[PDB]
Each structure stands twice: as C-alpha cells, then as structure tokens.
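The complex appears here minus one protein chain, its other protein chains still in place.
Order as written gives the chain letters A and B; numbering starts at 1 within each chain.
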Amino acid sequence: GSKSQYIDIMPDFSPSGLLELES
Amino acid sequence: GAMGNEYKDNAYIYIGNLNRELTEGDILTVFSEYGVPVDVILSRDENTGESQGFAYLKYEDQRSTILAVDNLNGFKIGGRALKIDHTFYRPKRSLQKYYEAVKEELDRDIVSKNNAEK
Partner (left out) sequence: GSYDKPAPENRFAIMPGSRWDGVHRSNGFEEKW
C-alpha cells in the first residue's frame, strides 16, 4: 500500500468565501 | 429526485448543485445549524481532489436530517442554491481514510471525554 500518505485527496475543512457573503 | 427510498435509514443526504469552492467545512458551517453531522463526505475527484459539486452528509439524528432537507434547501451559495434529498449509498472502501479522517474532526465534539486515552 501507500506509506507516503493514505489517500491523496483528504478533506479540507474551511468556509468558503462565498458563504461569508451569501449568508 | 436522488433519493434512496430503499430504506428509511437515510440519515445521509444528498447535497447537490454545490459550487466548486465549497468544501466539507463549508457544508458543516451551514448544516451544523440543523444538527450534528457524524459523517460528511464531499464528492470530490480522487486525482485532483476537487469538488464534483455533490456531497453527502449524515446527521446523528435523521429527524435533523429531515429539517435540513426542507429548511436548508434553497439556500443560495455563490450564485447557485444547494439541493438536499435523502440518499443512501455504501461508503467506498478505497477512499475509506477520507471518510474516517472526516468523522474524526466531528467525533472530537461528539465524544464526551474526561479522559480521552488510557
């Protein structure tokens, strides 16, 4: 298996800059 | 019209018509108002890792899920509004670390601990 990183994707977890204006 | 009415175990909800810059944390920002997501996954490509414009979120409570399906539906985010429906799919084994890495950040709050580890 991969032992560098698990998956290359991984979650980000941040608000969008849309959101601050959209809400 | 993306429901998986095969069960009523549909704590997972289809979040469609999302914008590209919308990430898991963003979805959490709007959806945590309607409850506590114990699982959330943003449908994003495996190569580039960019959002497909779809997500799946699962609350702790399916009734909270229902409230999101209705009252958060039609919320406009960056020119487009998001759509919620009751979908149910089997989580990918290949991308499992994405799933578990996500719930870890959520579980942080969910798990009540005076002592986390022995």
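As a working rule, a contact is a pair of C-beta atoms (placed from the backbone, for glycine too) under 8 Å apart; a residue touches a chain by one contact, two chains touch by 3 or more.
For the options B:9, B:33 or B:45, the residue in contact with the chain missing from this view is B:33. Contacts to the hidden chain, counted on chain B, fall at residues 25, 28-30, 32-37, 61, 63-64, 66-67, 69-75, 106, 109.
Quick note on the criterion: only the chains that are shown with their structure count from here on.
Looking at the complex, you find that chain A touches chain B at residues 6-19, 22-23.
The part of chain B that touches chain A in the complex is made up of residues 19, 21-26, 28-30, 42, 44-47, 49, 75-78, 95, 97-98, 101-102, 105.
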